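Q: Given chain A, put chains L, B and H with the ligands in place with the hints provided.
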Amino acid sequence: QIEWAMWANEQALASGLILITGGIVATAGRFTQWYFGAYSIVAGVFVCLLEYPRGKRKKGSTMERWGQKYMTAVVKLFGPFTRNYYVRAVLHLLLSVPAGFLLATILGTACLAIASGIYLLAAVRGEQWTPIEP
Amino acid sequence: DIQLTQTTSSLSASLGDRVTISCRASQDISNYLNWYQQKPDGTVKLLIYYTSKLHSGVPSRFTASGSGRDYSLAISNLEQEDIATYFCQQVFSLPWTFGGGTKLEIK
Amino acid sequence: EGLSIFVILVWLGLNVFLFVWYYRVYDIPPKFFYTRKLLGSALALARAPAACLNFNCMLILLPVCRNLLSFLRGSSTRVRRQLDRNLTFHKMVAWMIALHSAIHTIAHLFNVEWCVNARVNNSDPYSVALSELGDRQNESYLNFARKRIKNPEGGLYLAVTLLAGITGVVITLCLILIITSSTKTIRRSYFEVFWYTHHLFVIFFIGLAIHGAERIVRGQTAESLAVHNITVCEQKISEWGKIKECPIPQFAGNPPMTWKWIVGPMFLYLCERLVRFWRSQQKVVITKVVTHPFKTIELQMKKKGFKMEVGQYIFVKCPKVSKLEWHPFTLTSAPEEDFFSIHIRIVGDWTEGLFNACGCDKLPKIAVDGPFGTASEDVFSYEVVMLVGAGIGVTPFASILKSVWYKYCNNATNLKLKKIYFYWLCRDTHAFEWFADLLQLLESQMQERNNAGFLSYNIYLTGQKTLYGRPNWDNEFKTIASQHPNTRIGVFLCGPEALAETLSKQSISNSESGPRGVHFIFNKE
Amino acid sequence: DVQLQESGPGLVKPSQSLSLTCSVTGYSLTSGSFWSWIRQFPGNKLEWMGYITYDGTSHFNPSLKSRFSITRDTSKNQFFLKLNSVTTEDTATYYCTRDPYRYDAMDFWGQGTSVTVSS
Ligand SMILES: Cc1cc2nc3c(=O)[nH]c(=O)nc-3n(C[C@H](O)[C@H](O)[C@H](O)COP(=O)(O)OP(=O)(O)OC[C@H]3O[C@@H](n4cnc5c(N)ncnc54)[C@H](O)[C@@H]3O)c2cc1C
Ligand code: HEM
Ligand code: HEM
Ligand SMILES: *[C@@H]1O[C@H](CO)[C@@H](O[C@@H]2O[C@H](CO)[C@@H](O[C@@H]3O[C@H](CO)[C@@H](O)[C@H](O)[C@@H]3O)[C@H](O)[C@H]2NC(C)=O)[C@H](O)[C@H]1NC(C)=O
Ligand SMILES: *[C@@H]1O[C@H](CO)[C@@H](O)[C@H](O)[C@H]1NC(C)=O
Ligand SMILES: *[C@@H]1O[C@H](CO)[C@@H](O)[C@H](O)[C@H]1NC(C)=O
Ligand SMILES: [Mg+2]
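Chains as they are written, first to last, in PDB author numbering: chain A, 3 to 136; chain L, 1 to 107; chain B, 8 to 83, 88 to 372, 381 to 482, 507 to 568; chain H, 1 to 119.
Chain A with its partners taken away, still in its complex shape:
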């Protein structure tokens, strides 16, 4: 059937990108409570790194992002933490919660919460993150 994890990854990568953008715009503008902006920068970089490697489908041939294999190896190293999508969803939600205190990063918080919801759906469906070997 449908594999929600692919859309979850494509949402989470953009959520991390906009979180980086929100943190940068808060830090550069010296927004009051900019330290949450710095947290958003680092968390968005971490989410972009973690969510760059798309997993392998249950069936068919998948497409790979440019320069994905190196990040796939690194994400595989963490093993039961990255492969699991209960861990992934709670990790995304817990990283999104502190970013919600500023307007510059509330969009990233909302998008990352949505991505965490889609990961929760995928985890309930039983889907997991299997690396794409070359």
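Treat the hints with caution; some may be incorrect.
To be verified - When the alpha-carbon atoms are kept at most 30 angstroms apart in a straight line, the in silico BS3-like pairs for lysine-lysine are as follows: (1) A:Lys71 x A:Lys58; (2) L:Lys45 x B:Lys247; (3) B:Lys567 x A:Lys61; (4) B:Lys247 x A:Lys71; (5) B:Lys247 x L:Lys53; (6) B:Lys306 x A:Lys61; (7) A:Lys60 x B:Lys334; (8) B:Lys318 x B:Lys334; (9) B:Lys255 x B:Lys44; (10) A:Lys61 x B:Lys331.
Hints are computed from structural coordinates only; laboratory data are not their basis.
A: Quick look at chains L, B and H with the ligands alone, frame taken from chain A:
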């Protein structure tokens, strides 16, 4: 009309002692409250406007602060020229209602 | 591709001009003088993308009007392909919406920050003084943050209370979701999810129409500007409304403009969807249903006045299986035949539902929408051709071959086509056995008419007669160039992109530049 | 600097009309300010009576019904208080004031005139 009430109708203190005169507005006023000092001979003069802006010419000991409904006037050190009644006035909505007044008596 | 270049350059000019123009309309004029000191330079950076988005927001819905574009084709080959890049234009226009929306949102984040900061006496004296306007009677605010809530909670409060903020958040979520679910992966593996979550354009446009209804971004009115000479009145802010020369300035907001831009495209798209509803209601009788092996069923069907060209595809709505959705299937029958047919592989829930409704394991109500697709009627133009199909991409070539036989029997003299070399690249002939039977049949018709040399085909197995492994294109091109000298060979392929680049390389390499040599003309689906 | 004198009848009869003059020296009414007539009743209770703007527009306290009106003599640089049908409660010390701030604060006040109403 918004009713400005100064709870302290009369206050006493000594020289060189901090005094606080606080008054509360029946309706929220957007920091649009001014402080006047009426000397015992009846001469009124503006001290602070917009609740923080010290009127050019009065001593710096007069410091006022407040927000929304509750506003206060503070004088750091008192001398014999501070014997006077103190009024708080709104300018937020017409009519510009005044405060009850607060007489200062040096101990 | 001069025409599409030109469309992108007019489109990008009309974005750059709008950006610079609505930048300078909100940056230079003295109407926005006071608002530019509370908001700095981040005012124009927010308003230029607004007009750019106004223009791009019409340009997104237009290319995806597939029924109106069907009517425009009916009213009507390279240019036909260029106007068949409507989806590519849609993609890039939505991407530049994303760019300008990012710029708009960032600039408005700056605006909200500096409009809460000044409100709580956390900015320069002049901005804080300007934020004081609008508190009392007979004065219109310039700072749209009115409650004294300190940042960063104040910006969040404005987001969740201002109509512009709420609509911006909603439609930014609805845009990010569209973009993230419109990646090729979702558009090619879970197209169900793409199509369902891509219907957030309705929410996006509804929020966008009412997005600027509050008029919070305010500039000084014309009458106020007439009575309030700013170069005299700027430094006398502490006494505004207390001299003849400097009355309190009045600020009004520009009426919403986006609806004026987008109602045309929204009206056109709703018309499009009503044409689609009408095509749905238009009756399509299913004359015959053959079920070829390995779960593929072909639907010979007849619809009132349905005309088609080779290589085109139709969307098939079955209300019983699914009331909302349209599923495209390539037309596999010749234009001459009274019935137009499609082969459907039973690989998913909707095709399985159609399988169960047809009773292959009374007939379902199906609806046919549009002979869409790029017509491949130029296959017949050349004297020699190289039809190549890999995996699932071979389906339109079936219809091409069927129409070839009809053009050979009806006329036999007006058929510019003379020779067929066909190459089928499948791991195994496990789902397209009907196409194998089709090729056997066409070879049989050519042999029975004493014209056996017309059709030559070879099947290759990635995992005449079937062969193992990919074909040697180098040797094949050389062989057929030796076979046919000084004639054009049209190479047609529907399949992987790497395969397309391969065929391009061999077509250019084996072609002779001079007109007295062989030209290999590649065409890709 | 700018100084304000109040001059008028210190003892008007009940139901008569009170007419108070405020003379301004260091500033002209037409140059610009809000010129009020705040009065203090016995017991030290101030109330904003009403002002006239520089443009000549005048705004009253609605507690004063329609019995109160303000005019001005720009030639003499002065503005006038006019109370029709003065009552016993009209006895008060009338301060004419200058209001040059957008914050509507009366920086310069007059010495006040004690008007009495009695029979
Ligand atoms: C130009 C074109 C021509 C096509 N020609 C044929 C054909 O000749 N024969 C044939 O069997 N199939 C063809 N398809 C594919 C066909 O549209 C789907 O296989 C069909 O909708 C299956 O639905 P499902 O129940 O399998 O959905 P699912 O099982 O949920 O989807 C399975 C696969 O079908 C794709 N798909 C689902 N719905 C759609 C849709 N509305 N549009 C496009 N893709 C979809 C998904 O991307 C997914 O990878 C064509 C698609 C396109 C775009
Ligand atoms: C940002 C990347 C986008 C991509 C890659 C994309 C891609 C596509 C594609 C390929 C189709 C064709 C659907 C089909 O073949 O069945 C389509 C349809 C459509 N898209 Fe998008 N699009 C994007 C952005 C948007 C946006 C931002 C909007 C509106 C705000 C939008 C509105 C539509 C509409 C209305 C249709 C018509 C659907 C139909 O006719 O059934 N698109 N899109
Ligand atoms: C995400 C947070 C956003 C915020 C805080 C925001 C804020 C604003 C504000 C304050 C205005 C002026 C409103 C007025 O004057 O009445 C405006 C106008 C506009 N915004 Fe947004 N916006 C956001 C997102 C978006 C998005 C995603 C789009 C996508 C198209 C968009 C497109 C527009 C347009 C086109 C206008 C012009 C309205 C008109 O001219 O009538 N905005 N925005
Ligand atoms: C708030 O603003 C409004 C309008 O800006 C003010 O109302 C206007 O006040 C002017 C000045 O008095 C009026 O002009 C006068 O009109 C009368 C006739 O009606 C004329 O006889 C005068 O010579 C003068 O021209 C104007 O009519 C009036 N408009 C309305 C609709 O009432 C209002 O006074 C302001 N309020 C405050 C508290 O500042
Ligand atoms: C705003 O802050 C400045 C900085 O100390 C202070 O001087 C001023 O009085 C404040 N104004 C108000 C209205 O609180
Ligand atoms: C504003 O004042 C300046 C300085 O006197 C003058 O040159 C200019 O013409 C005035 N503008 C208007 C519109 O009255
Ligand atoms: Mg489906």
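Q: Each hint: holds or not?
A: Here is what the structure says about each hint:
{"no.": "1", "hint": "A:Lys71 x A:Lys58", "verdict": "holds (12 angstroms)"}
{"no.": "2", "hint": "L:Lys45 x B:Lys247", "verdict": "holds (23 angstroms)"}
{"no.": "3", "hint": "B:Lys567 x A:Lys61", "verdict": "holds (27 angstroms)"}
{"no.": "4", "hint": "B:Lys247 x A:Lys71", "verdict": "violated (65 angstroms)"}
{"no.": "5", "hint": "B:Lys247 x L:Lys53", "verdict": "holds (16 angstroms)"}
{"no.": "6", "hint": "B:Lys306 x A:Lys61", "verdict": "holds (18 angstroms)"}
{"no.": "7", "hint": "A:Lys60 x B:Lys334", "verdict": "holds (29 angstroms)"}
{"no.": "8", "hint": "B:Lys318 x B:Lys334", "verdict": "holds (25 angstroms)"}
{"no.": "9", "hint": "B:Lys255 x B:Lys44", "verdict": "holds (24 angstroms)"}
{"no.": "10", "hint": "A:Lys61 x B:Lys331", "verdict": "holds (28 angstroms)"}
In terms of the numbered hints stated before, the structure departs from hint 4 and from no other.
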